[PDB]
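All protein chains but one are shown in place.
Each chain carries a letter (A, B and C) given by its place in the written order, and its residues are counted from 1.
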Amino acid sequence: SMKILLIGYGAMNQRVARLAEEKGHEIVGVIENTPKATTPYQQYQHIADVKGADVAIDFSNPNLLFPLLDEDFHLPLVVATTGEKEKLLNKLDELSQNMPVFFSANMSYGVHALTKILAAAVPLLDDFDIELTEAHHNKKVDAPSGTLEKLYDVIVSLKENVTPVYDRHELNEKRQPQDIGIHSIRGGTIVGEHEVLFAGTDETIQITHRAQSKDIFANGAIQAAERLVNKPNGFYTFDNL
Amino acid sequence: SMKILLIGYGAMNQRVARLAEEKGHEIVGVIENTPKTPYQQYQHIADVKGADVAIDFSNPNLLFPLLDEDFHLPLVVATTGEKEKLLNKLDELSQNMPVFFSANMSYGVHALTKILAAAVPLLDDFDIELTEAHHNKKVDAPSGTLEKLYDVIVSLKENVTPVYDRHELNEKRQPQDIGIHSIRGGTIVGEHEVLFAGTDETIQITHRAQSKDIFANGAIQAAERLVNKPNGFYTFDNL
Amino acid sequence: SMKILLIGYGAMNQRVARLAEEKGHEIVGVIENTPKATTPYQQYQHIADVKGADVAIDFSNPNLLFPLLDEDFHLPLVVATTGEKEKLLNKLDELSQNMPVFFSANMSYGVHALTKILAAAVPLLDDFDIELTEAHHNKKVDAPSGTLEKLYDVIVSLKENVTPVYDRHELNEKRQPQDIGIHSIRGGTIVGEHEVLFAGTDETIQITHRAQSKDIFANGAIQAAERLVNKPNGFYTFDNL
Partner (left out) sequence: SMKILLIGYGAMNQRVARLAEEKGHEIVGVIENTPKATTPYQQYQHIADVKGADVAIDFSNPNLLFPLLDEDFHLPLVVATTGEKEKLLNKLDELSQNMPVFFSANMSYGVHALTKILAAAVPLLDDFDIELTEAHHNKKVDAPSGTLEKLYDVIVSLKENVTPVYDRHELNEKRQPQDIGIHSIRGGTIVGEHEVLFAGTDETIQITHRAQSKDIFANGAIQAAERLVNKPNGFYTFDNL
């Protein structure tokens, strides 16, 4: 049983709350920028005021930096964020000197494992053509997904030349070996599917990750918290947790 | 079994020859641009004595002058050149003989189109995305087969808009959009997927070709059915 | 705002309750075969006693047929059943003379459509071998799923001869044309996937339904209820609701 402090209480930490309680953990406090009525937990403005806490789970945004600026707490921190990271990472870097700090932009251990599996696959399949596909719900505007970009980056790090091909319609060019076709499917409520296709001579290898729920990220944070609580002070990612 | 006349003798009618003979049929004649070939060479369709049917995989330059002549034979026509003028001549000939035309000779692909036709009115609240995959030598995109599937949807769904590239487009999907995706790589013979994505569920219908023999086999299947037809114009829809 | 009577309070109607309340509907009663203290709604034994109910939602099994045997009530009924249905459907027919009655085995419009798409596919694909696969979470004990059996039954109705084949490792016999291989994948938290494979000469056609959440069934029922309350008396399915 962990006593968990939630930094932020948006959609993601609402998932964390539900799943943590299912696992027998307890939410002992919430720190939010706009403390909401009907948030069913004790509200705080400082980490140090939440006694009993074993760990904090923080799906961060710029408005949730404030509790990390206090200098009177020592607590395991599990932190995620998207977009701007520099200021936050500088602060987490400082905090890691005095407590265990875990950071991952993407909290899915499955997606982390996918990237490592892809990394292993690439040098083995250098003669194969690569095509990347992602599918997401019909509310997603940006294309391609950040996760597709992450997979693409893994490939780039293991290839000499890579050229992304976003649309073949009326392109009328012959595929070249450096090309990687990028395909963004949108529809329904699809949580997130990512496929790496390797196409060779009369054989293909496909590696496909399919998310069933955004609970994968909440669960990822909780499972990270469960490992972090016993770690010495320092900075941790999925690579060394 | 059948006695078959082959109009044109490229890769595809070579497949037809191999596959027809394996089925117990015999190739009684070939009409070609520049002859080579283990079969008897003809210049006219009327010349081919005991022919039951012609299977055509050629081009307008070879076919059009042959159609303009005086003959009576069931025709399986797969030529995809100059569709407008070809269908005009095929229409005229169908008054006097059984005439089958399909731009795509795969019976599996036909079944896919009919399965799609059934699916669409049943899934009107589902978002439709079309994906096709082909080998790394294919230049045009999307495939003609994807276009055929899209045409089926258009006939059954109002105000359809195709969406080809979402990268940096920054628009929200609209229910009338159909996303179109062309995968290229390796030696993939041809795979076509229709995705219907609804609230918390998906239905996918996928055709995957293992060999171009499906097209040759489809033309043979059409020929076998066509010899038992009255005069008229046929496609897989009414054959 | 509908006032809903729940017939049965297993996992599915528990989900219906949560989703219905989220939508602003009210659960005004429950009828259970064996009432539970943990059931947080007023227990009843007869539909006629549930003052102010607008509709009943019934994920049925043989132990929940009982309230449908009363002859002193008039209420819109939304009824599902995954097992045997003859007895139930005979009763629903009789009830439909005096009230609106909606039936769906699974309460998923998508799964219903799957069966109809399959029905269209079978006669077109006479020369194709059929294989049926389903995948479900690691807590599912029965195999194959009732939905696979439903698909199998559709195929049986459209073919002269069908033989189910369950274990080719044990059998070690070459495939016969009448054979339909049945495959049951279990793992993780997979909500439910069903695939029909048609395998022909040098080509295959696959039809695959994938459920992302059991919400499809519970929302299916609620949406059917929301509509049925404004229908005249009679029997309705997804085909004619």
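Heads up, the rule we're going with is that a contact is a pair of C-beta atoms (placed from the backbone, for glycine too) under 8 Å apart; a residue touches a chain by one contact, two chains touch by 3 or more.
Colleague: Kindly name the visible chains that come into contact with the excluded chain.
Modeller: Taking every chain of the complex into account, the missing one touches A, B, C.
Colleague: Have a look at C:33, C:96 or C:184 and name the one touching the chain we're not showing.
Modeller: C:184
Colleague: For the chain not shown, which residue from A:13, A:106 or A:219 touches it across the whole complex?
Modeller: In the full complex, the listed residue that touches the missing chain is A:219.
Colleague: Touching the missing chain, which residues of chain C?
Modeller: Interface with the chain not displayed, on the chain C side: 128-131, 133, 135, 138-139, 141-144, 166-175, 179, 181-190, 197-204.
Colleague: In the whole complex, what residues of chain B lie against the chain that is missing from view?
Modeller: These residues touch the chain not displayed: 187-189, 210-211.
Colleague: Over the whole complex, note the residues of chain A touching the chain we left out.
Modeller: The list for chain A reads 108, 110, 113-114, 116-117, 120-121, 124-125, 127, 200-213, 215-216, 219.
Note that only the chains that are shown with their structure count from here on.
Colleague: May I ask you to sort the chain touch graph into line, ring, star, complete or other?
Modeller: Per interface graph, the chains form a complete graph.
Colleague: Can you compute the centre-to-centre distance for chain B and chain C, using the mean CA position of each chain? Integer Å is fine.
Modeller: Distance between chain centres: 39 Å.
Colleague: Taking each chain's centre as the mean position of its Cα atoms, how many Å separate chain A from chain C?
Modeller: Those two chain centres are 36 Å apart.
Colleague: Taking each chain's centre as the mean of its CA atoms, how far is chain A from chain B in angstrom?
Modeller: For chain A versus chain B, the centre distance works out to 46 Å.
Colleague: Going through chain C residue by residue, note those that touch at least 2 other chains and give them in order.
Modeller: Residues 212-213 of chain C touch two or more partner chains.
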